[PDB]
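There are 6 protein chains.
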Amino acid sequence: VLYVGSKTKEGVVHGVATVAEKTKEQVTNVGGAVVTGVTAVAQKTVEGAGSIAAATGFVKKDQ
Amino acid sequence: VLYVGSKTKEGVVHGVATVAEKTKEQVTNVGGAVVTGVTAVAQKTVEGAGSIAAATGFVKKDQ
Amino acid sequence: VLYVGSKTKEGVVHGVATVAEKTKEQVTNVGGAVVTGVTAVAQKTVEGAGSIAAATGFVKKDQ
Amino acid sequence: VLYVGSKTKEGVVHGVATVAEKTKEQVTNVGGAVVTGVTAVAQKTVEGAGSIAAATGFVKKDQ
Amino acid sequence: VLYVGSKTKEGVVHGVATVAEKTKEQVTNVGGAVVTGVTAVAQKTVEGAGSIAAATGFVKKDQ
Amino acid sequence: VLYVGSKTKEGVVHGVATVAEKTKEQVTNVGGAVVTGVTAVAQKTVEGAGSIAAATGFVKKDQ
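First to last, the protein sequences are chains C, C', C'', A, A' and A''. A prime marks a further copy of an entry chain. Be aware that the first sequence starts at 37, since it is given in the entry's author numbering, and climbs by one per residue. Be aware that the second sequence starts at 37, since it is given in the entry's author numbering, and climbs by one per residue. Be aware that the third sequence starts at 37, since it is given in the entry's author numbering, and climbs by one per residue. Be aware that the fourth sequence starts at 37, since it is given in the entry's author numbering, and climbs by one per residue. Be aware that the fifth sequence starts at 37, since it is given in the entry's author numbering, and climbs by one per residue. Be aware that the sixth sequence starts at 37, since it is given in the entry's author numbering, and climbs by one per residue.
Do not take every clue at face value.
As the list claims (entries may be wrong) - BS3-like mimics (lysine-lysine), calculated; alpha carbons at most 30 Å apart, straight line:
1. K43/A with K80/A
2. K60/A'' with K43/A
3. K58/A' with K58/A
4. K58/C'' with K43/C
5. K96/A' with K43/A'
6. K58/C' with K43/A'
7. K43/A with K43/A'
8. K60/C with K97/C
9. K45/C'' with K60/A''
Said to hold, decoys possible - Beta-carbon label-pair distances, calculated as ranges:
10. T92/A'' with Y39/C'': 56 to 62 Å
11. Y39/C'' with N65/A'': 33 to 39 Å
12. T64/C'' with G41/C': 24 to 30 Å
13. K96/C with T59/C'': 31 to 37 Å
14. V82/C'' with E57/C: 52 to 58 Å
15. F94/A'' with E57/C'': 41 to 47 Å
16. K43/A'' with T44/C'': 42 to 48 Å
Unchecked claim - Here are a few chain C residues that sit away from chain A, every Cβ distance over 12 Å (derived from the structure):
17. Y39
18. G41
19. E46
20. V74
21. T75
22. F94
23. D98
These are computed hints drawn from the structure, not numbers from a lab. Just so it is clear, CB atoms sit at the ideal spot from N, CA and C, and this is done for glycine as well.
With these hints in hand, go ahead and build the complete structure from the sequences.
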């Protein structure tokens, strides 16, 4: 491959405006992955799993 | 590969404005991964798992 | 590979403005990973796991 | 005009997020009023005409 | 006009986030008023006309 | 006009975040008023016209 005078944007996030107001939030997490709120994310991944919330573990919550 | 006079943006996050106001938040985490609030993230990962919240552990919460 | 006169941005975060106001936050973490507040992060990772909140441990919270 | 235990907002502007990017702007003003960009304004009492763009006055442009 | 135990906001501007980026701006002003960029303003009482751009006055531009 | 146990905000500007980046700006002013960049202003009482850009006065630009 070759590149000559040639721009290249990969995994880019731009121009994001937000206004949260009187938000109420309650999270109860047990061995999981939780993502909340405002979240701009630009994730280039190579030879590997790209994720915002990954839950791979073991949870025993018996009764 | 070769590059000549050639810009290249990878995993870039720009231009982010936010206004949180009278937000209330409660988190109860037990062995997990929690991410909240405002969160600009630019994550180039190579030969490895890219994630904002990863939960891989063991949790025993019996009763 | 070669590079001639050629800019290269990887894992870059820029231009972030935020205003938090009268925010209330309560966290109860037991053996996990919690990230809150305003969080600009530029994470280039190589041959390793890139994450903002990683929870890999063991938690025993029996009753 | 009494007030007892009573919150009161008069003339308020809050919670504003904006993102300009690669904007180009050219102004040629001759004896006028020009206002550009982001503009929060709050005025409780005003003893006149309220207006965003008010053009009184004389312009002579003969040829 | 009594006030008892009573909060009161008059003429207030809060919570403002902005991001300009690669902006280009050219102004040619001749005897006028130009206002650009970010502009929070708060005025409780004003004994006149309230306005963002007010153009009174005389302009003679003959040819 | 009595006040008893009573908070009061009049003419206030708070909580402002801004980010300019690679901005280019050119002004040619001849006998006018130019205001650029970030501009928080707070005035309780004003005995006149309240305005962001006010252009009174005479401009003669014959040819």
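Status of each hint after checking the structure:
1. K43/A with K80/A: Within the cut-off at roughly 15 Å; holds.
2. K60/A'' with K43/A: It is violated: about 44 Å lies between the C-alpha atoms, which goes past 30 Å.
3. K58/A' with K58/A: Holds, at about 5 Å.
4. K58/C'' with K43/C: violated, 43 Å
5. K96/A' with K43/A': Violated - the C-alpha atoms of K43/A' and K96/A' are around 51 Å apart, more than 30 Å.
6. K58/C' with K43/A': Within the cut-off at roughly 17 Å; holds.
7. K43/A with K43/A': holds, 5 Å
8. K60/C with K97/C: The hint holds at about 27 Å.
9. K45/C'' with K60/A'': holds, 22 Å
10. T92/A'' with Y39/C'': 56 to 62 Å: Holds - the Cβ-Cβ distance for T92/A'' and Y39/C'', about 58 Å, lies within 56 to 62 Å.
11. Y39/C'' with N65/A'': 33 to 39 Å: violated, 44 Å
12. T64/C'' with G41/C': 24 to 30 Å: Since the Cβ atoms of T64/C'' and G41/C' sit about 54 Å apart, the hinted range of 24 to 30 Å is violated.
13. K96/C with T59/C'': 31 to 37 Å: holds, 35 Å
14. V82/C'' with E57/C: 52 to 58 Å: Given range 52 to 58 Å: violated, Cβ gap about 40 Å.
15. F94/A'' with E57/C'': 41 to 47 Å: Since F94/A'' and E57/C'' have Cβ atoms about 46 Å apart, the given range 41 to 47 Å holds.
16. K43/A'' with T44/C'': 42 to 48 Å: violated, 54 Å
17. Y39: holds, 22 Å
18. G41: Given that every Cβ of chain A is farther than 12 Å from that of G41/C, nearest at about 20 Å, it holds.
19. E46: Per Cβ check, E46/C is outside 12 Å of chain A; nearest 19 Å; holds.
20. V74: violated, 10 Å
21. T75: holds, 15 Å
22. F94: Consistent with the label, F94/C stays out of reach of chain A, its closest Cβ about 41 Å off (over 12 Å).
23. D98: Holds, because the least Cβ-Cβ distance between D98/C and chain A comes to about 46 Å, which exceeds 12 Å.
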